[PDB]
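Add chains B, C and D to chain A, keeping to what the hints say.
What follows is each chain in one-letter form.
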Amino acid sequence: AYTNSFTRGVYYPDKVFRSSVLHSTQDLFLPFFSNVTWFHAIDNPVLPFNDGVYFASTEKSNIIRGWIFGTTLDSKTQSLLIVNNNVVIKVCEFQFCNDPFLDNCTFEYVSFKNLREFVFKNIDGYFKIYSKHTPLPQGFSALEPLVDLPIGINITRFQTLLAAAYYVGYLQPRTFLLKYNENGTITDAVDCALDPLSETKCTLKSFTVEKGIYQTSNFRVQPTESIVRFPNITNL
Amino acid sequence: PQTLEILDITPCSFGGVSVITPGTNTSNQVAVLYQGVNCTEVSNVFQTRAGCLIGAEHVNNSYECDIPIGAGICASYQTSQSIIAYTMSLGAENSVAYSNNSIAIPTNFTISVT
Amino acid sequence: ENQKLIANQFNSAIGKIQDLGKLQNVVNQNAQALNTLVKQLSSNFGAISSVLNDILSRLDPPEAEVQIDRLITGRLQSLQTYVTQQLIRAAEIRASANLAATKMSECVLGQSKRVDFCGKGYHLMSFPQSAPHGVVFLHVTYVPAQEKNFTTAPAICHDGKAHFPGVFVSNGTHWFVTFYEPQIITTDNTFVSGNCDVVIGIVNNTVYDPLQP
Amino acid sequence: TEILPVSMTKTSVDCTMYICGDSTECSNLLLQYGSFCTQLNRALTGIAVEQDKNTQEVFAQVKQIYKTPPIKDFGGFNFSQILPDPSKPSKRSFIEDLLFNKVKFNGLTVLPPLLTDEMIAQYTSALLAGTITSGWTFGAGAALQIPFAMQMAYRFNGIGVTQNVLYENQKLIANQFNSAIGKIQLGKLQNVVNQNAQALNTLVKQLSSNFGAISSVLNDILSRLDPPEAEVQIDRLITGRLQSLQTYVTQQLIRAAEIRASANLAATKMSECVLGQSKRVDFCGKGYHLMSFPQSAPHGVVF
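Chains as they are written, first to last, in the deposited numbering: chain A, 27 to 68, 80 to 122, 125 to 142, 165 to 172, 186 to 209, 216 to 243, 263 to 335; chain B, 579 to 620, 640 to 676, 689 to 723; chain C, 918 to 936, 945 to 1090, 1093 to 1105, 1109 to 1143; chain D, 724 to 826, 854 to 935, 945 to 1062.
Pulled out of the complex, with its shape left as it was, chain A reads as follows:
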């Protein structure tokens, strides 16, 4: 099943504090109204990892207790074993079978009515883990950086494991205008590339556009093919 993630996947791009500013950053966030893939575990197959993923879940029993991030997953690439009991984070390798058992390693670390959103990233070897626990609804909630890991590895495939409804996202490089409040948190956001009224809002750097006509961007027709010509079969 596929569904519509309305305004989700908007996290804090930096640890800078800002208060009541309309800040425009060009960071990879989950686009608005994108295509997110609803799954049902009634199992948990392979997933595509491109530029990080927006995870989510909707459980009243806290049943998901595992992430396994690896290309080969046979104790060759650095996999992870994140568990939510505290978010205890085992970045070391365990010898997995075809399906790891429910009910020499490098790094170990300890830090109906619930959403568990888990935006991931891998830029400059800094494996970022964001989070938000908010009891896909019609609303808006920013995601705070929960932990960061300077592993410096390449990952391209993963599989969430439990001892039943987990969603995946698609992160793309996209301009985004943020809206901080008095409290220093994000209360609204605008993508400025989805529909023509949105990119008006970035050119004004505001939210309440007044009645008028605004030169938002420039139109250009890209070339289609190439035409290279040289004279008739002369020389021989």
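No wet-lab data here; the hints were simulated from the structure. Wrong hints could be hidden among the right ones.
Calculated pairs, DMTMM-like style, for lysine to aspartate or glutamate (alpha carbon to alpha carbon, straight line, at most 20 Å) [claimed, not checked]: (1) A:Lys113 x A:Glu132; (2) D:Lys790 x B:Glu702; (3) C:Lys1073 x B:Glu702; (4) C:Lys1028 x D:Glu780; (5) D:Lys1038 x C:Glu1031; (6) D:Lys776 x C:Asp1127; (7) A:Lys310 x B:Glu661; (8) D:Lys921 x C:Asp1127.
Below, chains B, C and D alone, put in the same frame as chain A:
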């Protein structure tokens, strides 16, 4: 270089792209002007001297205009209510009844504090 | 008996202000000029960075002078661009300040006979208001509003004399002199010179003379 | 016959097509210069909205639009080429055509004016029908009728001249009107068109200038060298072409202040010479002023 027909080079269709909107306190739907380009290149298609004006509807009537389009076209927001693209009306088409014997001063006055 | 017309309309028009396009534009244009200037301190202009401390303290002074020379050109072009926009924008404001000085002299400190200089209509009087970085003129003007239609002739020879007037007006059968105030036709504001072949278009009608009664 | 300019030609520039036409690494280094043409585009848009204010302050001095009555007994001027003829498809007046007769794409875009040539000529014919049929009283609200031999008499008495000149010599006025416009059939107006033309032409020919680098074309610099040293060469092209834009835009801002000073003079002459009579000496022509007529020449007005 192969045959001897002479063929021109004219540049690719470029231009600006403007967004015609009412207030966000008023409406949410917008018109999208494409400046200068005839719009066989690029919602309700409408061609003007300014360029293509998609997303709004041509109206054969004429009103005192609100949002400057360009080249004698203006946009507004009314009938539910949508965005209309019409020729600007220049004011009421008064006809003065001039005679060899006629004069006029208006009846009452307003002490207008401009 | 029309100070009650004025006072209400003066209170309504000050209310319509309560219910500043030129002045708020001036405040905003200065703000965007200053804000673009400060954001130029985050531009590289081709250098490694924009914070002057890390250009000095990341690499050797041998080529640090070259890199800071590219940075100082970008900052100086940004400062020259800001100054030459302030000089042009101050010439615009000085044209508005000389127009406001002319309106103070000719509309407040006197009455202007100039058409549509101190407001639409027959200008009566102005009041300046000491608005932020500007001035608001309450142009009290005498505007007649609800139209009419009279009937008049180029001149009126009564018994062989062409008059030069004050406006000959007539509501449909009788002639009034005139603001729409029908007063009696009198030779006080019309003077006699010529004849009724000496003004084209002339018709024949009475002209009340004040020496007779 | 006074020829005043009113409006310049509206021009908007796109930087990433001008400086860095079909190049991505040029756009990346243009981004490294921060934000220079955000404010260049706001400078040129401020010029372009200003020209719409100039044309709408001079001609749109009245709210209504008055029609010349089908019988036209307006004292006898050469009003066939002055007042509009229904023969021309793109409707103007032949006097406006006489002034029309006498007067590319490399990122530069010539945006059209809002107030078209037919709509300006409708404003002007409303001012002509307002002046003839209603005099000065059409400047207060709508038109309030005045006969022609009554309004020129009052235009004598308002300048201290006795009212016995056009009341006795109307055939002199109609013949001298034919002869003086006959002498006419545009120094200030052709100048404004020419200065705009040389401004854009020098801007285009700057792309043939290499600014001390190896070449003035984009692709040869990219092909011959590599991001080690092409980086230096393309920096000369960008900072050469960016100074060419700032030079052009600064010359456009100064030239738009000149046209606005002549647009406030044309708005003052429309108010005080057309919508009324001026007591000012030598403001609405040499001599004792009776009345003026607007004539919508291209990018200007002829009084």
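Verification of the supplied hints:
Distance hint between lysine 113 (chain A) and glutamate 132 (chain A) is fulfilled; the C-alpha atoms sit about 8 Å from each other, no more than 20 Å. Between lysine 790 (chain D) and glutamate 702 (chain B) the alpha-carbon distance is near 7 Å, which keeps this suggested pair within the 20 Å criterion. A threshold of 20 Å between alpha carbons decides the hint, and for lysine 1073 (chain C) with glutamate 702 (chain B) the separation of about 18 Å falls inside it, so the pair holds. For the hint pairing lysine 1028 (chain C) with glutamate 780 (chain D), the CA-to-CA distance comes to about 18 Å; that is within 20 Å, so the pair holds.
Between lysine 1038 (chain D) and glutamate 1031 (chain C) the alpha-carbon distance is near 14 Å, which keeps this suggested pair within the 20 Å criterion. A distance of roughly 48 Å separates the Cα atoms of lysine 776 (chain D) and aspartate 1127 (chain C); the hinted pair therefore is violated under the 20 Å criterion. Between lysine 310 (chain A) and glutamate 661 (chain B) the CA atoms are separated by roughly 16 Å; this keeps the pair inside 20 Å, and the hint holds. Restraint check: the Cα-Cα separation between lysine 921 (chain D) and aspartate 1127 (chain C) comes to about 14 Å, which is no more than 20 Å; the hinted pair holds.
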